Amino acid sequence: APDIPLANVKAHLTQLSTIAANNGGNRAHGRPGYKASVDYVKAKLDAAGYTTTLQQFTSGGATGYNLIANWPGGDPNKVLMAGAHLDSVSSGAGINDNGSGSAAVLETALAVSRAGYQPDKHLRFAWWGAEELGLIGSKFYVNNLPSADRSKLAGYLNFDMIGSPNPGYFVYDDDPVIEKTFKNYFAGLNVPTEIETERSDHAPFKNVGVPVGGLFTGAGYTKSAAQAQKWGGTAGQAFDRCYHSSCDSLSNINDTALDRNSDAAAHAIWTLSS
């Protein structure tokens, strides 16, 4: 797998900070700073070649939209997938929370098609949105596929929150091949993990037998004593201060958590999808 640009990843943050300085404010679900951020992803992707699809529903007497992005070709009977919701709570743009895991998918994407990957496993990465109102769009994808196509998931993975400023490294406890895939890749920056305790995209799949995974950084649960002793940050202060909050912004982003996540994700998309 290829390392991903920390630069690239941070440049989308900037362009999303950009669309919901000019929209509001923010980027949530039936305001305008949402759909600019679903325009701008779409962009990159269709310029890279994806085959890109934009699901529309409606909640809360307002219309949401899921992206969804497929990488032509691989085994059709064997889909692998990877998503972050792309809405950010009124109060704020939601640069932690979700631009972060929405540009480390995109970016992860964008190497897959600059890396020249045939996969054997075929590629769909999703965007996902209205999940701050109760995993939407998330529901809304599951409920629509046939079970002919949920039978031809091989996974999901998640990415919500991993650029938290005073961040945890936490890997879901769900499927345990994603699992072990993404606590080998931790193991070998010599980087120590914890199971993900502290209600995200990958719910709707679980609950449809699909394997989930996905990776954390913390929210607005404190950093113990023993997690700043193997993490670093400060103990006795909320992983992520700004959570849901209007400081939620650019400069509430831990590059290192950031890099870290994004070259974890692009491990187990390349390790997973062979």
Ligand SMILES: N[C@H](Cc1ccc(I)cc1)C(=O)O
Contents of the next structure:
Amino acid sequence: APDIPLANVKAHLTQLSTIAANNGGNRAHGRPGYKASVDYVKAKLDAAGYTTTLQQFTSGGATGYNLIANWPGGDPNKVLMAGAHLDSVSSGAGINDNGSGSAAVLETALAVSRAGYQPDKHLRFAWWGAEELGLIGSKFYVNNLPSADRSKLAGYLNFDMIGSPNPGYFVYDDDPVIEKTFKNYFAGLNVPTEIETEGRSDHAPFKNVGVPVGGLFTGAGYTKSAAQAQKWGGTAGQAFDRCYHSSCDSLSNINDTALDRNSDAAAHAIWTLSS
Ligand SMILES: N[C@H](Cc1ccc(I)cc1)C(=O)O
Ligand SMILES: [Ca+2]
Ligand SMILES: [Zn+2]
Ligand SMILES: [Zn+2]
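Please move on to the form deposited with the named molecule bound, as the form deposited without the named molecule is already shown.
Everything in the complex follows now, all chains and molecules, and the chain you saw is the first one.
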């Protein structure tokens, strides 16, 4: 897999931050900052050669969107998906939650094109709408995915909050092959990981219908323990993300090392699991 350039990931976050500032301070469902986020991500993918689909839904009386990006080629009967919700709460720009996962998934998708990669499995990336309303976009996607296509899914990889400023390194303990792939990457860095327990994100609708899932998380409102600070640094007794769902979830609310490591791990897993 290629090494995902941290600066490119950060640049997507800068664009999402400006989009929020230009649209009332947020990127929330039903508000113009969300569709503008979709338009940014979609244009990058279209230019890179993806076949993109805007999947529209209505929730709360307002139109929502998922952005689906299929990399042409690969076995139609073995589809590997990776995704991240692209909406924020309305209090702020949602840069860690979840610009971080959105940007890492986008830069991984662009990296496939830059590398000239032809995965054996068909790759499909997703940016979900309305996660903050209760997983509404990912539920809509799974609910509208015919059973014959659901059975073609080899896995769904989720990235929701992966740049927390006081990070832990949590790996979902779901499908064993996907979990092993992420843990192996972190082992190569000599960075310990722990099982995610802090769940409720967009892998749940996939998990609940039997699709193998996994993912990465760096912590939210829970406090980092003394033992977690000893293994990962940062500040014991402070939240992993002190700006969770806040107006201060801005460009300053990112740990660059965690963002880099989790972006690189995302690419490692997508390459490994698609051969
Ligand atoms: N508000 C949730 C926080 C959250 C993220 C990831 C997991 I796994 C569990 C919880 C979000 O949108 O990121
Ligand atoms: Ca990197
Ligand atoms: Zn989130
Ligand atoms: Zn959230």
